[PDB]
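Given the sequences, and given the hints that come with them, work out the whole structure.
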Amino acid sequence: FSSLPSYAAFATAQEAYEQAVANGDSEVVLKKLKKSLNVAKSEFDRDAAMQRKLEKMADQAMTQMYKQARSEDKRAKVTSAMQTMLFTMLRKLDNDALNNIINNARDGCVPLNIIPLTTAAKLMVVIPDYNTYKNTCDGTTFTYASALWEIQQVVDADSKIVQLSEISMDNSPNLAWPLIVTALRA
Amino acid sequence: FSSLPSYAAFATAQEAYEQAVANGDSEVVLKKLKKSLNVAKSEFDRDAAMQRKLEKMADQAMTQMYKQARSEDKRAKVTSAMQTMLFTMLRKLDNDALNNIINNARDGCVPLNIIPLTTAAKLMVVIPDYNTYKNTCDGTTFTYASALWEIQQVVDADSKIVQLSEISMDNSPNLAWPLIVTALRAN
Amino acid sequence: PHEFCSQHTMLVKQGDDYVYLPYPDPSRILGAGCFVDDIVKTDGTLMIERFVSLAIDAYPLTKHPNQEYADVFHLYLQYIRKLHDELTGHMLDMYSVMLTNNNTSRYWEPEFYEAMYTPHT
Amino acid sequence: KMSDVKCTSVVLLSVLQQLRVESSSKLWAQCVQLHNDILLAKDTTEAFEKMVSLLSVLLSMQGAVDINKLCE
RNA sequence: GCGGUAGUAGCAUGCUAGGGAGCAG
RNA sequence: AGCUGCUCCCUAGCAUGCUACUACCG
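Residue numbers (the entry's author numbering), protein chains in the order written: chain D, 6 to 191; chain B, 6 to 192; chain A, 809 to 929; chain C, 2 to 73.
Hint data in this document are derived by calculation from the structure and do not stem from the laboratory. Among the clues, some could well be false.
Said to hold, decoys possible - Calculated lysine-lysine pairs in the DSS-like style (CA-CA distance at most 25 Å, straight line):
(1) D:79 with C:70
(2) D:72 with D:82
(3) B:46 with D:39
(4) B:139 with B:165
(5) B:36 with D:37
(6) A:849 with D:82
To be verified - Computed far set for chain D versus chain C, every beta-carbon distance over 12 Å:
(7) 6
(8) 16
(9) 44
(10) 59
(11) 66
(12) 78
(13) 97
(14) 108
(15) 172
(16) 179
Just so you know, even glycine gets a beta-carbon here, dropped at the ideal spot from N, CA and C.
Have a look at this one:
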């Protein structure tokens, strides 16, 4: 605090007393310089304190409003930021097994059930089109999730069994394309 | 803090002070006009500070009586609610057979556990696994607690209906499997 | 004693003499740092006091023979510091003038924690 | 390193929860069981097996536009 | 020039109340 | 959606205490 109006008066009284006690003048003259400077301190703090209180109110208001804002901000975006953080952690984690199925799913290789781990146990995946099959279904062994699966029961969207050998690019434009493959691990 | 008999005394004393100070006359003038900021303001200290506390205390009294009023309001509301709950609870039980078994008591007091056991109108059973179901409410009716119960309406954990047909031995690994069976008191 | 209320005990020279002090189980502290209930800690730039108290609980690990322990303490310290720093930076842009008097610097000086273990209060 | 996959499991399970997956007791039960076992798992590889076994579940439905998030 | 009664602002203590957060069983 | 116990932080309020300077009487 400095540029305050009452500080002008306090400064005047202080400088006047400085000059008076420098000249070393009478005692009857400082009777003012005391009854005129004490008041300066009086008429002065009763305003530096008052603005000071407001100066703390400003803080304890801003410091509240800020967090109040960013609070409801963060409780607006969970089911969004959460997913992207998840996939960020995925990409950083780096496991070919995962990336395989993740790309496959960007493509369409959605499994209709949980991937099992038992040497037996069945698996049901979906295939949209031919090349997907060709990029995946090779003979009767199936390479999925970087694992080897035995192809046993192909069926198209008409829910009818279709001959594995029939599957080839030539006659493929005749099939209920959402193909549902079933298999077992090695 | 404006319209007071002290304020007017202040104003007139200050007016006379300004007059006889611009006159710049006697030392008695200075005395009688300092006896103004010194004597005409003691009243203006009291009544312009005391009256400031009267408002404060009256208003805090008002707010506390507000809080007490809202309090006792909530009391009435909740007691009405619980009275309603009581009165609606009993309005589902007064079958004569309850009264009957009451009259059979040598005293009129009976252990709680046996009231619903004998007198309920509907039973609910929770079943974990298939073999267990087989060993109880298998078939469309069964018995329990010396009474005959008949099955109707069977749901699952997801609270979806399921028929008795599906409840095979090998279809069981296809269901939310701790079923709820609600049966009725058959005569 | 080997363990009591899930605290271990260690005899440390506090100045002139030797005193028994309870240090917790670090894994617990770390876990409390890493997993929370939504808004809590997530954007902890509003929750410093959590970490203040936590560090309080994890002070004695400073006096420990094994290494990584005290590293836990220093970790919490530096994290508090970075927290407050990037907080003030945001608050400045939000308005245009930082706060007048934070007095939060004491929180990242070790001595204040040490006060919580000395017989005079 | 293993901490990474564990925290990843936590986040993923939270996501599944957000997708209201607990409306089918069998599915939610299998998921929770897997997640628990992960958090107690002490090898490097079995972790990944259970991890992908779980993630498949998210892959099932079509609530999470995968390609969009795959914007790198 | 001292003593007693009225102001101010400041400081210290404490007590209450209110609110946030963490640890132990 | 509990019973306690300790701890930190923030806020209010009251009262005290104290300080001093400003006003009345001695």
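Against the structure, the hints come out as follows:
1. Proposed proximity of residue 79 (chain D) and residue 70 (chain C) is supported: the alpha carbons are some 20 Å apart, at most 25 Å.
2. Straight-line distance between C-alpha atoms of residue 72 (chain D) and residue 82 (chain D) comes to about 16 Å, which keeps the hinted pair within the 25 Å bound.
3. For the given pair, residue 46 (chain B) sits about 24 Å from residue 39 (chain D) by alpha-carbon distance, which is consistent with the 25 Å threshold.
4. Of the supplied pair hints, the one linking residue 139 (chain B) and residue 165 (chain B) holds, its CA atoms being roughly 21 Å apart against a limit of 25 Å.
5. Using a Cα cut-off of 25 Å, the hinted pair residue 36 (chain B) and residue 37 (chain D) holds, with the two alpha carbons roughly 18 Å apart.
6. Note on residue 849 (chain A) and residue 82 (chain D): the hinted pairing holds, with a Cα-Cα distance of about 16 Å set against a maximum of 25 Å.
7. With a closest Cβ-Cβ approach of about 51 Å to chain C, residue 6 (chain D) is found to remain outside the 12 Å limit, as its non-interface label requires.
8. Here residue 16 (chain D) stays apart from chain C, with its beta-carbon at least about 63 Å from theirs, past the 12 Å limit.
9. For residue 44 (chain D), the requirement that its beta carbon stay farther than 12 Å from each beta carbon of chain C is met, with the minimum near 67 Å.
10. Distance check for residue 59 (chain D) against chain C: the nearest CB is about 45 Å away, which clears 12 Å, and the non-interface claim stands.
11. Chain C leaves residue 66 (chain D) outside its interface by the beta-carbon criterion, the shortest separation being 35 Å against a cut-off of 12 Å.
12. Once the 12 Å rule is applied to beta carbons, residue 78 (chain D) is consistent with being away from chain C; the minimum gap is 18 Å.
13. The claim that residue 97 (chain D) is not at the interface with chain C is violated, since a C-beta of that chain comes within 12 Å of its own (minimum 7 Å).
14. Not every C-beta of chain C lies more than 12 Å from that of residue 108 (chain D), the closest at about 8 Å, which undercuts listing it as non-interface.
15. The claim that residue 172 (chain D) is not at the interface with chain C holds, since no C-beta of that chain comes within 12 Å of its own (minimum 24 Å).
16. The Cβ of residue 179 (chain D) lies farther than 12 Å from every Cβ of chain C, with a closest approach of about 27 Å, so its non-interface assignment holds.
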